[PDB]
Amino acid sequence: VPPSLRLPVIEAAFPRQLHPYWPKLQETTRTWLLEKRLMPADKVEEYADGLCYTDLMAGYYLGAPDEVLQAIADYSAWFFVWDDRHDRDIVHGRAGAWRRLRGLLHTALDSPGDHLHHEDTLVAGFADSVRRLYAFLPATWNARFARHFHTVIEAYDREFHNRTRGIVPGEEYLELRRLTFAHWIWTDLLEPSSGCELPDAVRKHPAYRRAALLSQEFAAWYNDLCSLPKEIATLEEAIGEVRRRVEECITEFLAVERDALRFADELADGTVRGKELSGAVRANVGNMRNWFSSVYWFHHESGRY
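How about the structure of this chain only, in the form deposited without N-benzyl-N,N-diethylethanaminium (BTM)?
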């Protein structure tokens, strides 16, 4: 990894983790992509061939039930397809087609059941992915996921118009840039991964919230850092500033992580409920931590494509 991009702290203090179910994700996701006809057989094969977003997810949502990880993996593959459609609409100036897709996604997000077989396979695949994600936790969690994802769709829309007018956001085979738009969604998905919808009071506790924010912000700043040196294909001090912000996300997270785990201790009051909430907080925070190493190494490995 380039010295300019290297993070000795991540390498030393954030050991990579891999979900035990990882080996089984590939074939299932391939089957799903082909079944929903999300991409032509050959495009599926390319995406399924090497590194893909499932690898990011499998180093992140540790402890997730197998079915939850599978659902998240398929959702991440859907993201790849959406990104491709997004780019294509932009390149071809298909403003109408994009606007209509934007509308259908908002609609399918709130009502996936009656969109499972939409003529647009991207929408059909989206609806199925969301339906499956909605099957794990109570409707209150589903509604929050939806609330957050509506915002993500609008972020893509903003980008569509920016890029349509010559503004270059950041090509990259397996970019993380647009994925960071879904920062609240990744945070939401920690919950079905530990099997509990956290009460507002717990997930809005300052230590939990801050840990969650910093985990995601790290990836945003780091994506900035990795983009700068590509300018070649002032600079040194521009990198310097972004680098300090990346390092600050990490050290700030380490501090708030300690606070979050103390909070978890407090939740474990001896009752089964306390034990469940405590365990879920610890698992979620642990995965907020795993995000650092998963992102860091995913970027490095993606550079081989």
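Numbering follows the first chain given and starts at 1. Heads up, when I say rigid core I mean the largest set of C-alphas that superpose within 1.5 Å between the two forms. Compared with the form solved in complex with N-benzyl-N,N-diethylethanaminium (BTM):
- The comparison between the two forms, aligned on the rigid core, picks out a single residue among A146, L214, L137, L225 whose CA moves by 2 Å or more, and that residue is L225.
- After superposition on the rigid core, the Cα of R102 moves by less than 2 Å between the two forms.
- Once both forms are fitted on their rigid core, the CA atom of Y47 lies 2 Å or more apart between the two forms.
- Once both forms are fitted on their rigid core, the CA atom of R165 lies 2 Å or more apart between the two forms.
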Given for the second form:
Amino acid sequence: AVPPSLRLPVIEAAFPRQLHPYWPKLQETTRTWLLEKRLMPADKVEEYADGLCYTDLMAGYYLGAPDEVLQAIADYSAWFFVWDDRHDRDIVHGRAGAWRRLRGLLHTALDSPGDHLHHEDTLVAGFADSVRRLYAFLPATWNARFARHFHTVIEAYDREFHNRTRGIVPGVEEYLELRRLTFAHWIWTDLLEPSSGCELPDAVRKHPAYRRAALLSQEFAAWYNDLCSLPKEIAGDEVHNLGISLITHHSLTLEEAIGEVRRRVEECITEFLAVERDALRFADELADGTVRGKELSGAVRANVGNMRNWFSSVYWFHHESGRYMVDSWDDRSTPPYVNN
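Compare with the form deposited without N-benzyl-N,N-diethylethanaminium (BTM): the form solved in complex with N-benzyl-N,N-diethylethanaminium (BTM):
The text that comes after this line covers the one chain and nothing more.
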């Protein structure tokens, strides 16, 4: 039973879950990779990695991906979680220098990953490995777009570092802009493309219905993370959360803030249902009888299908993953799967 404050009957009824058939291999392979790259200690991998459900999250999202693509995505996603953990720990421990250096290394590695495959910081080496693999599926133009987007993400993490160090809780609109970057909206949207085997031309992926469907899928996911992760975040002195911005700047109680975030999440769902009809119409229109049109149609249709799958995968992930089980920790401020 999903807690009533977090339950969304529309997702439960109208967004049936899907699971990629590679998932059981994926679970094992990403666990092995976390170990091999030394991204988490062996005993914590053994106790916690499967329970974190990071592979499940991605296997419920990128349906139809080639197995090798899903593996690179899942390893990169598990890396991304560990990076969120490292960032958090650097802030909590006041490691401004170590964070600045990591930030610079990630920008460099993102542009030249093969050069960093054996870097002394295993977090940089693990990033480089996953990124090098992601850069092997589609043309350099897509790689450059992924890099452009992720440079922006790294800087949004840097902004979060300074917000937390200075005690600043962003305003509501400032936060909503920032959250499109810290949640990596455009990275997940970029990754739809190797998942369906096609770098989409700008004129296709920038079609207003494709853009809007892509945006709403990520806003839902990010704001639903905010709703579910709020208790762990308050316990850990995290300030980045739509609920915390509302409590801090709109004088809402916790109860009022939860309700307002819920209402925003629910509106994303029904806005998405409306634009999804337009995005699927567009997919149909691309199928103009030509070979290229059939390719583009199939790719848009698969991508929009996965924009829909993200709703259910993210919904259930928050109820299944050990990541958010703060009630089970002895020290609510220190999740047991993080390196403290």
